[PDB]
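Since the structure of chain V is provided, determine the placement of chain R on it from the hints.
Chain by chain, the residues run as shown.
Number of protein chains: 2
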Amino acid sequence: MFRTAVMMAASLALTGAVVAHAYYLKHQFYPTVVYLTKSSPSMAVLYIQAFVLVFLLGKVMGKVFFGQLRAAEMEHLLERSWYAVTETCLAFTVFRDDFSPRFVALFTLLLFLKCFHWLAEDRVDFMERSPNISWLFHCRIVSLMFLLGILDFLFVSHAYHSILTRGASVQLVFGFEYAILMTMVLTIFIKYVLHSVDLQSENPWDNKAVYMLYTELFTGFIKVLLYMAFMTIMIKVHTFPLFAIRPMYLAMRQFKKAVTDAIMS
Amino acid sequence: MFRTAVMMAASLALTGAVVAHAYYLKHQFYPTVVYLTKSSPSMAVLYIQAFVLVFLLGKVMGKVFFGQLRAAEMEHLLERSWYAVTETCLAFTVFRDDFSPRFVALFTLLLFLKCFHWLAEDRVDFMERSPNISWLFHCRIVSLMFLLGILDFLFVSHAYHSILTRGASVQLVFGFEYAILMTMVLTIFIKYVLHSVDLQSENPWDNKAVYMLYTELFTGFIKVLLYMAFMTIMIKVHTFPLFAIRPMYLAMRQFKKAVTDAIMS
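Taken in sequence, the protein lines are chains V and R.
Anchor point for the first sequence: position 240 equals 240 in the UniProt record's numbering, and the numbering is continuous, going up by one each time.
Anchor point for the second sequence: position 22 equals 22 in the UniProt record's numbering, and the numbering is continuous, going up by one each time.
Calculated directly from the structure, the hints in this document are not laboratory data.
There's no promise every hint is true.
Pairs involving identical chains hold if they fit within one copy or between any two copies, as the list cannot separate such chains.
Each computed DMTMM-like pair below joins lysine to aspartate or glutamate, with the alpha-carbon atoms no more than 25 Å apart [what the hints assert, rightly or not]:
(1) 208 to 128
(2) 191 to 75
(3) 257 to 79
(4) 257 to 121
(5) 236 to 98
(6) 223 to 79
(7) 257 to 73
Chain V with its partners taken away, still in its complex shape:
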């Protein structure tokens, strides 16, 4: 993590230089802050420092929960992160609410949770074959599962309250994304308990593995249903969705492959 430490040190030095420049421009306490908030490049450097701190926190949390593993997990993280960044910015333009740093923070937190969900899926796929099974692995998995579930439930409840009170303007995107994340967490829990039952039973117990596949396909159906409902509401409210069309196609393709595999089997 030498490169991460170097990057965070560089960002900290840059923000310290910006703060020092502002302070030496206005010796008081209020005008320096108002100049920082009025000048654009200084606020941009502050945003970069905030993003770097978020990245450091994400690295710490990933080391605590999963721990390194530096593999296709990282490649999937990068690919889905680029896709999610494109989708998020698209959905942001989808509405006139530009800038709005609180909404930017909300989107960043959503991206944080989505990246952690993808890493959880990759760790589940690694666990299904031949992991370093121990007490700590189970503890990490259950702790991450409970944390993600609690946070997702709280945020979806807040989104439901917001859309009931204010309306379906921008909070519905968060609601649907966190609903998809809840489906992902349900799939993760099902896969983990199935693998635990398979491991604790010594014998392969294949009669349940097919059932696990059944559960998987059912969950996929649920997911695609949610997505199509999203599409419906997104054509009911505004003109035409643009941000989620590619994820819709991906979900449709995955469900089609799953149902074809189930039929041929």
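Just chain R, lined up with the frame of chain V:
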């Protein structure tokens, strides 16, 4: 191509039904067309029919120039097509010029040419190893090269004239994208002539292959230079680019890998 024929027949039937409904609503010639252009779903069906016709023309052109080959070429086409669609819609939001079907047609033509460029790159990579070398292969390659070069030169000249006369509002995006496509066509021409020299000389003639690699890296440098210039102008005109950041990162990563490979060699 059974599925493509079925899809085009379905789209043609749908547009015929829309036309018949409009005609039976207004028996004249002018009000039916004005109702089609005023109603949104009918114009959407017309747009879908236009896209399907464009897809059929693209299939015909691909069969004429490359010919099937149904491989990683198609996978790269799909991936880069999703990426380019996201980038194009992002660039469209980048400006207040919404709808504007002529600009939509221009973007569609740009996507058409970019997809054909990617297929040309994939065919070059296939040709470099062990293709079905013959007169027809050379004819196809040179014809596609000349067509792409002529079209790119004409469109970049038109973009230069537009930005000189009107200004850098939306035509600069087309100019930079077609400049990147021109660099791609230059790389394709260099690779093709290098492979032709390698094949016609019987002996491997490795002393030039390294030179070919040199040319490749040089072209990559040119590409990244163009991209950074794009970034500069895009921060000079408007607030902050959003559409091309991921392609910028991809180009930077490719150039970094190329320069590291050149240094270690």
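Results for each hint:
no., hint, in the structure
1, 208 to 128, "within (14 Å within a copy, 50 Å between copies)"
2, 191 to 75, "within (22 Å within a copy, 30 Å between copies)"
3, 257 to 79, "both (21 Å within a copy, 18 Å between copies)"
4, 257 to 121, "within (19 Å within a copy, 29 Å between copies)"
5, 236 to 98, "both (22 Å within a copy, 20 Å between copies)"
6, 223 to 79, "both (21 Å within a copy, 23 Å between copies)"
7, 257 to 73, "both (22 Å within a copy, 21 Å between copies)"
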